[PDB]
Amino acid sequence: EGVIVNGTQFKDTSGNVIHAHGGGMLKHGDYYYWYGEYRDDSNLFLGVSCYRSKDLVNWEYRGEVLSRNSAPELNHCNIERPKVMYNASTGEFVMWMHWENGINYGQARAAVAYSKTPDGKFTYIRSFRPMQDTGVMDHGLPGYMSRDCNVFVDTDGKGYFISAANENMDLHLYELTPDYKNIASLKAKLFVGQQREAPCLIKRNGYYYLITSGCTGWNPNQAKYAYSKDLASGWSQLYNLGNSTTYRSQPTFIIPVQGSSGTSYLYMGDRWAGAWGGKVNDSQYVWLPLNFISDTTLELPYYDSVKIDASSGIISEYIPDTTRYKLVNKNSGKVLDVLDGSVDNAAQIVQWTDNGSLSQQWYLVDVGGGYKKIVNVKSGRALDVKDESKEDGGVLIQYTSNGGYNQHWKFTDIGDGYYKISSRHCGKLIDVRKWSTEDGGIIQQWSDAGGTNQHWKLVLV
């Protein structure tokens, strides 16, 4: 039962609430290590927790690899977004983070630590604003500002540290020295004046990807991403990721989960309790699979429940009710299908002859109220009203799950095993365009006219 429930606080094997906010993860040996921080009664840095696991669902407490006791300046301060990277050369784990006074946010500096072991007590080194010796001044103080940050290890073995500089208006990508504990140079300035936060740096197939968020404090916002063949330059424009609120979360880290089947990239986020006036420690977590339609096209779907099999390297949606269905039109006798049985995103929904194929099989996932999610079997995509249309003739497609109302459907029994399936957005029914009785008939959205081309029978298979 490797299933995770988003919008909640995961519990460790001990039965206690996991506290690793703004955290990250590292895969070393046979274990996945989850690091993170958590405030105390005075909303100050208490400790940087560390959880260990092989299945990625059941987590074991391993103590605080870093504490407010680890150093004198760690006593009364703010530490957030701690990340851990491994060095092949040295063989020691280097840890980076964001340091603040605990009185204000004027000291936008990075902090470093390290340990010979992953779950061992780390030894704090120092806090500093990158390029302090260069003499450069960034808003009153010497050295580039460094708030929201993240780490990345390239294929060539070069370490990288990224953080928001120039008043969180610019992103700075710093190249680390071979030891990962210091900054060698300023690799590049990314997305200047665009004010991107909570950056996540990853790589797939000679393509670098930078998942960022907006700057709106606790309030969830529109996450975006970009790609490039080179870290120095060639970066693309920002492309929207997830919905307008990134599913009520903020991106924190993205790691590749490799297994026997292949590689699935896991997305980690934080549902900051600050949104509803709660303390940081009451923040919940949101984990989702990061899918790659193409080298340039990324997808971040929201599943209220996610199934993970770290062994096989598969991250997909968890369907509570695996019961398969066919939707048969009353007038045509054809069933709900996907054009050319495609698994592509935004593929047109059409009616077709009952041929017992996969594309014609659908799950039904309850989502509260009288509404439900109609999910294709061959492709985990959901029945979607294109562009959230509210008009007659609005085409229906299969699209990535995004919690949108244009993906919620209510079934209304009209008798004899037939239903009127109305959208939650406007209330219009699933309709076969022009009463079509042939294969490939376009499935659309239309007002309840009482026609038989709007009546569908639910048939178990």
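By rigid core we mean the largest C-alpha set that fits within 1.5 Å across both forms. Residue numbers count along the first chain shown, from 1. Compared with the form deposited in another entry:
If you assign each C-alpha to whichever superposition fits it better, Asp366 and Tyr239 land in different rigid parts between the two forms. The interdomain rotation between the two forms, with the chain split into two rigid parts and fitted on C-alpha atoms, amounts to 12°.
Okay, that one was the form deposited in one PDB entry. Can I see the form deposited in another entry too?
Here we give the lone chain, stripped of any partners or molecules.
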């Protein structure tokens, strides 16, 4: 049972809450290593924990790979967003992170560490602002500011370190030394003035992808991404990813999951407790599948429960009840279907003669209360009210599962096998436009009028 309950604090095999906040993950050999950090009683760095697992569900605690006692400089400081990377040349692992003095956020510098073994305790080197000796000054201190950070290993074996500089206004991609333990130079300045934070750098099909959040502290915001053929130039504009709050989380890292059937990408996010005035140690996690519709189109869906298989390399929503259904309209006699049976996102929903097609079959996922999600079978997209409309004539379409109320539906029995499927957003129910009795009849949203065109039959397949 490789199921994951989003919006909660995962537990280790010991039954204790996992504390690897704002962390990344590394795949070395036959093991996945999850690294992260957690505060003490004074909201300061006390230790970086390490968990390993082969199924990505059952994590084994391996103690602190880094601690406040690991170095006299770490006794009292703020460390966040620790990422690790492996080096084929050296044969050792190098850890990077964001370092602060612990009394304010003026230092804005990066830190380095390394170890012979992943689960082994790293040895702290030094904290510094990227390229201090270049005689460059960034807001009074020497060297570029380094806040939110993340690591990336290219195909050619080159190491890279990206962080937020110029008061979090710009992004800096630094080319690392062959040993990954130092910064050789900077590759390019990305998205200046955009003020993008919590950067995540990944690569697929010769394309470079950069997932970033917004700069609004604990407040969950809109996550975005961009692609490019090279790192120096050719970067596309920022495109939205997920909803307006990234499903109440902030992107921390993205990792390719190798399997037998193929490869899928795991999005890791942090649900910072600071959103509700909670301690950093209370923060939760949000893992989601990053789908690549195309080379220039990504989708980050939200599933309250996500099933994953490492050996298979598959990441998708977990549906406890896979019973397929067909919604038949009382009036028209037609069944709920997707226009042209398209699997494309934002596809129009129309009625059609029962032809036993996949596009006419639907799943039913309970989402708490008397409400459920109506997910199409052919395309994993769910029934959705376009632009979260609250008015009559609101066109219905199939959209990426975003946990929005415009995607939750309540079934109400009115006798026989017919129901009145109302929306959780405004209460208005599913309605065939103009009582249409022909094929291609636009399925919409409308007030309860007691008309047969608003009555649907639930049929098994």
